[PDB]
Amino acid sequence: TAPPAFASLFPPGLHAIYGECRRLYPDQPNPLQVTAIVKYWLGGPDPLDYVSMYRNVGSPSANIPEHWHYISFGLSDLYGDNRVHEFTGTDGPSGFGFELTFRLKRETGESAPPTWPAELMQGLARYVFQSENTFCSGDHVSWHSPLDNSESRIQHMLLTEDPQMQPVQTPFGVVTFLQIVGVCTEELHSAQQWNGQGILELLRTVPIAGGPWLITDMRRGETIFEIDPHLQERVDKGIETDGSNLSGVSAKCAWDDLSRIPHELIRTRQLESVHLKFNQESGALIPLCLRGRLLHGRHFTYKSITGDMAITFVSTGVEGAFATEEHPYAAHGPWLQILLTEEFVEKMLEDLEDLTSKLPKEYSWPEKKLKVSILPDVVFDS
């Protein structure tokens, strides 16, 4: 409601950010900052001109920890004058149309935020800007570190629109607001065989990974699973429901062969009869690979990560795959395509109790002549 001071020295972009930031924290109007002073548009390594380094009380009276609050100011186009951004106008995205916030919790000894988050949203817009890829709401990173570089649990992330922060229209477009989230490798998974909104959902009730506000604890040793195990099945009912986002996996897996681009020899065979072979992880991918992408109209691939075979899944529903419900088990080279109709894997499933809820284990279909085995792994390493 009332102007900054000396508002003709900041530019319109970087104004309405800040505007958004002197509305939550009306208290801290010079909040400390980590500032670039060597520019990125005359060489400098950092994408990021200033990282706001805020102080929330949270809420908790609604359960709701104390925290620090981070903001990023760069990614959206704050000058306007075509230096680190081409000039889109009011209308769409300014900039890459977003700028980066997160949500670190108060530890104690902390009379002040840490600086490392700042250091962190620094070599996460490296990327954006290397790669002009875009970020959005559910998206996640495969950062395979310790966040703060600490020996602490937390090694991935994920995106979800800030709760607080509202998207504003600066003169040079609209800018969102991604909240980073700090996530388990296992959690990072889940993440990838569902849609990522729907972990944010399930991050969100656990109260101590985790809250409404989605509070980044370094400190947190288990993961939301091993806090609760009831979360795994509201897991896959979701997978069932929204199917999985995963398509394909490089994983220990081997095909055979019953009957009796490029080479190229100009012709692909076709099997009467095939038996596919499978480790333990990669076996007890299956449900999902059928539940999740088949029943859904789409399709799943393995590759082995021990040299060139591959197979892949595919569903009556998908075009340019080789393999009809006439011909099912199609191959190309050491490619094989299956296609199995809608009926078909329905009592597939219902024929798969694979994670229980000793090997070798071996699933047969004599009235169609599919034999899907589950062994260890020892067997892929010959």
The other form holds:
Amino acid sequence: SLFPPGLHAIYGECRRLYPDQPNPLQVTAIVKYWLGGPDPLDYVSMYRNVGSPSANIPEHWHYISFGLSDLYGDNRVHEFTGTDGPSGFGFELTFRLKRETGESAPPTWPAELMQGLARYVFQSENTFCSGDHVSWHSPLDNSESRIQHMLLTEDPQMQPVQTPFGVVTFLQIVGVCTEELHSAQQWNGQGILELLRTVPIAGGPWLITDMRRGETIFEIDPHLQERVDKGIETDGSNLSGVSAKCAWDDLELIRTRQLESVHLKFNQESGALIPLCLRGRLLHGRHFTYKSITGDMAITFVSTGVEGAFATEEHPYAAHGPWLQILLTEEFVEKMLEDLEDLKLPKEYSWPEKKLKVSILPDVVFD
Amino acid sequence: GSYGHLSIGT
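What's the form solved in complex with its partner chain like, now that we've got the form solved without its partner chain?
And the full complex, kicking off with our chain again.
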């Protein structure tokens, strides 16, 4: 087919929002993914959006991906299901980049950013949800920008589109500072997105990313730090897991292996989230899962009361294949927290009484 | 619950 039905359906929504831009800049993957190319997004459209500057919606460039959803419906890349359910991964990515004075065209770098995010989705098959975060650890545009990480949210304008191949929603990338990423992790992504909406330079109502932003929302409004602190104290973290570098070693719907001792291994970044796991999750009666990006190992920490776990108070370390579940009691979680003040490799922590070891190791270990 | 996708560029 010369015009792909999934593609045409999204274009209808684009036309609705941009009736005066029938011919926007669009980039494309020179060797398409379904022909062996490295980049999963077939196209990225790049629109001018005049916004509503008086309402703290600056003029900006609006990017929309094509490829995460099912464009073609002929099983060249995604599995066809029908009008019901998700089309491909069920969403496309968007991004809103503040226009800098002098710019006559959208910068093309956000297409490369989007390809990176999509490559991860296609390879890991971990999907993105509104409120999720993506740590990145470099200026998104390769400048010296403090904007070095991302939160994900519903696009504030693009409505879900019904296509012959399923429903497609639109998930907007929002650039954030390290401090803001951390706040979303320790509290909740939705809460931080809402704060960004209230600070024009940090996003405003449409969560436009300003790559020239030099200050965090907490530096702009110190009172916001108190709001977040109170939130972490009262609500804990809503983070149920991360895709990360991790492993474990041997030191109900299934029979599981009962482990006498366990050795948990993390890289620097995942290791730094251990206190969140313990204090922000387990002490709130919740669970937290580290899921390997490289392979199939996963470590799910559970607290007493968590339902549907195969780790129990009597047998607290239990595995089904590469999936480890570890039940920690409140008393022991509190002890671990004290011992992990520092949260330089390797770092080793050992609790012989509980037959538990934690190592923080270089990334290569997890290859 | 929300999810973190960590250092997915590497």
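Positions refer to the first chain, counted from 1.
Rigid-part membership between these two forms differs between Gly248 and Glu151 [C-alpha given to the better-fitting superposition].
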